[PDB]
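Shown next as structure tokens: one chain only, the form solved without the ligand.
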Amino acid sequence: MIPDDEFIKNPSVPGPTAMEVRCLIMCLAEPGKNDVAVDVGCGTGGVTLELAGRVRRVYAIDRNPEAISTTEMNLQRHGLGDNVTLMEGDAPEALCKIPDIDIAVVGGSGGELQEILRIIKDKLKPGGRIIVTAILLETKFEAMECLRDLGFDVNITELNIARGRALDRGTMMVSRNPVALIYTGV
């Protein structure tokens, strides 16, 4: 999989999602070659890149123009993007213009999490999966609550990752901020 260091970064754009998290998102999503996926809040394009090479169509959404731009660049550098529809603008509006989906990954909730999830529920193909990426303590709670209130069986996994950094004196373990994945049953 593409490591964090091989991504094009931008100051106003957060990400990429740590590779270890992207790895788990892919496993929970269970991407099929005929699946249609949406990535709400694509940021640097980490999740978009991985999905792109595994499903039929990927719709990448973000309010931040810089994010659409960075995702666009990372897509090209790795020769993907032919099956990716980039969409700038407000998440709720953009989601209304999209076909039904098999996989929905919601990163930057952008405050409108509850609305985004309701909309996503109305477009979810049977057997579809929703995966919410949470950095804020409130998102972990809000996501769990919404998904349960929309009738899904909800689960949550928190990851704490430490990678070794080679120093002269030795290998020191460097932490990544904890990331929680709230996901609905398959």
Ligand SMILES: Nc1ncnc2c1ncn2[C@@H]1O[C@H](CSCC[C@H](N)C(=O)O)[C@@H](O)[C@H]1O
The other form holds:
4 protein chains.
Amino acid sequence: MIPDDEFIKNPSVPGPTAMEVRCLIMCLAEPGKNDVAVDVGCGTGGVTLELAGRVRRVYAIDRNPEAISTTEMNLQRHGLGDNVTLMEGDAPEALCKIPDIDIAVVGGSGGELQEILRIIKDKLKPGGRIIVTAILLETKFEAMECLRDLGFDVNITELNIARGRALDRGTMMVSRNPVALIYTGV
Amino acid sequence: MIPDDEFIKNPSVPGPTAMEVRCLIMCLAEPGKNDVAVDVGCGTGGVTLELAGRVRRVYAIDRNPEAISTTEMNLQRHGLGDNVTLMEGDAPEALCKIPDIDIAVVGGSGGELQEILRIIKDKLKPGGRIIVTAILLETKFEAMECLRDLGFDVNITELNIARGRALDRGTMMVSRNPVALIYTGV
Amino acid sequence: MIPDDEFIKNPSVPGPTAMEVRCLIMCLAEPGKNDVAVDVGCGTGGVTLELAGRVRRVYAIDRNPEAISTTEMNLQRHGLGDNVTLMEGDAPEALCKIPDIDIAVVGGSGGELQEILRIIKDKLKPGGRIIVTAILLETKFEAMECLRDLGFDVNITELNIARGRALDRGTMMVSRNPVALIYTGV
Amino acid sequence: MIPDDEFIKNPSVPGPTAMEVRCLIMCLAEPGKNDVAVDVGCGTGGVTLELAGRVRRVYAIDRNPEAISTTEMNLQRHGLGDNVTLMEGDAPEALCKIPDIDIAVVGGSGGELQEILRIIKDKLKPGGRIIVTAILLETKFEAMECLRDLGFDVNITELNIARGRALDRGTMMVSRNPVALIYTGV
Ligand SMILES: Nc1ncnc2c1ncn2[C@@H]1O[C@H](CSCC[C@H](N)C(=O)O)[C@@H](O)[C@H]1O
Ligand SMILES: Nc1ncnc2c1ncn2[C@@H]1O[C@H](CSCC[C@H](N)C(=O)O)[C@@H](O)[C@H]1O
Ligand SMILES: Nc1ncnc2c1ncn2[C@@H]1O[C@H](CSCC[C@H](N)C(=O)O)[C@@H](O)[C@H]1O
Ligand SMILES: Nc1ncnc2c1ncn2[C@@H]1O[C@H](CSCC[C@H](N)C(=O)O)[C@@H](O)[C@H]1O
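And the form deposited with the ligand bound, for comparison with the form solved without the ligand?
What follows is the entire complex, opening with the chain shown before.
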């Protein structure tokens, strides 16, 4: 993995997603060199950069032009990005312009989760995987329900991570806010 | 329990200890109206205030004179403090001046945990309880090994707490750093 | 707090609720000697026993006759139960037969959470507290929306508890399933 | 990742290590096709199988003849194993017979952690990575002190994982015991 500290960040754009979470997203996604992936709400680019180096084509979407700008910087810096199509704009409309996908990671929904998912279902190639990253309690509930209603077998794993911070004398355990991963299939 | 946001802070002083943790500290301590308690490293006063309203006499110790002033402000602010003896100074010398104790909560050791624990065993009335609050990995190990070496039946419980926060479009789970409670048999 | 291992379990009855959770429930409930409390879904009696020794009258409700029997057994074993009115039956019908309450703990809803909460609100005395114990993701969401819709100031805390256990001459950390407490402003 | 439920368990051999933990071990290990790895205490084979399909040669060690049998069995069922050298015996003895390593995962130490680590240092190729999986509190402390003492830049990450399970028409969260990963520098 590309460590979190190698991500240039713009304080107005969240991310990158916790390395341990991005690691699990990749395990769940099972990126293949012939896969076409979409990262809805690319933010700082934490998920996009990892997908960039493992799949054929990645479509990174974001409402915020700054997120688009920051994701491109991190890509440029890590020598990735020539197989990444950046798309500024609201997800539903952006999603309609791309081809079918093998992998769909929803890093942000902005109130349009349900709409985003329905669309993703219609574009998901057979054997495709959907992974929704949820920090809001509502999102965890809505992602679960949405995917079930669309006919998927849904699973949810919540991660509570703590890392050692050498805080002058000992190692203090500093926790990261919990993040849940709602993912489809069996 | 006095909510955490009703504690007057001071930048140099850590605390108050997470309400959920203070709650468990009290459950493990089993405060009695005829108990004499000592709060080693009172900090902001989170543990001292709770003990104040439940036991006969509380001895609150701290190296930081600002921890002493902040604990006083909080004691006065909540109408408590007439059964609290504040003691500024390093714990080992401060501990030697107090009578025997029924309850001992170690909220901070500053490198002298082992010494602090030994003195505490010497002043512990029968049936007394010792509870060490540990945020450093090293402290969790030492508190366990030390209390066992002093002949106590030891236990440890770690709490990972997450609370909700109305975040910009919903409810975000904001985790608190993990805190372990190393305690001796009652 | 009455230790978890001092509770007799029945195969068809869940519980007792984790001591650390019961501890927090009590901190949030702030039991007073003149309080009238209701424990919806008493199960094994974990919450009922604690309330029994702190309030004036407790109304313990449960669908399962085996739960009513176990809660009754555990009270007797602990010399409690004279201020406890056991009520077998579905929560809504039973809730309508009791007087107004100062404290309401919902330990189980069985699909009728919303109904149970509406009824509790209609019977809550001024300054009363409601605490819902949620292990199901749906319940955490449902309790939050419902309490707000009923005009309450809602809060949620999710505890992840780990307890040390002897293993290989060392100490292994054993986790308990996470439990969330959804409670209203006091 | 090879799903957890796709490993055959022997009742006397622990494992496989939680998929989410094995996922992170791989992220931290950064397996390369020309890497030589050693899995100290292979148990059920959770770490060995993952390394098998990513590196050049893997040396899987275990005291338990049954652990060696379970690992070979799981290797065979997944069509792996031709690049895995199984070694029954105590780790230090076994570690001395293998060539230098790029990756070292310590899945079990059995009281000889310090010795095992000192030896791993003596055979670690430049740019090599060491990752110790710790479930015992003592091991977390020990791994840190030892690795610091051997001159490494040490880090610790503690994972608390919860997975949803269908219960009473809802989804309850089921936690796994916490596991810490103590790993070395660049
Ligand atoms: N409906 C929508 N359409 C497009 N982008 C959206 C959106 N709702 C939210 N977003 C974007 O969702 C992103 C979530 S932050 C994502 C961080 C990223 N996973 C990382 O690892 O760096 C934000 O940049 C936000 O603007
Ligand atoms: N050896 C020692 N003697 C006295 N005070 C000490 C000490 N080691 C640490 N401390 C004190 O330990 C405290 C830890 S912060 C404690 C916060 C408190 N439990 C609350 O709930 O508000 C600090 O104020 C620090 O100065
Ligand atoms: N609508 C309802 N009416 C009555 N009891 C209900 C109910 N829905 C669920 N329950 C009961 O809710 C209980 C939840 S288990 C509660 C365990 C208890 N808190 C303890 O500490 O021991 C079960 O015994 C179940 O039958
Ligand atoms: N000194 C030692 N030498 C060799 N094996 C050892 C050892 N100390 C402990 N072990 C082994 O350590 C293993 C730990 S269990 C490992 C499970 C494995 N990580 C999985 O994912 O399946 C056991 O099989 C045990 O016998």
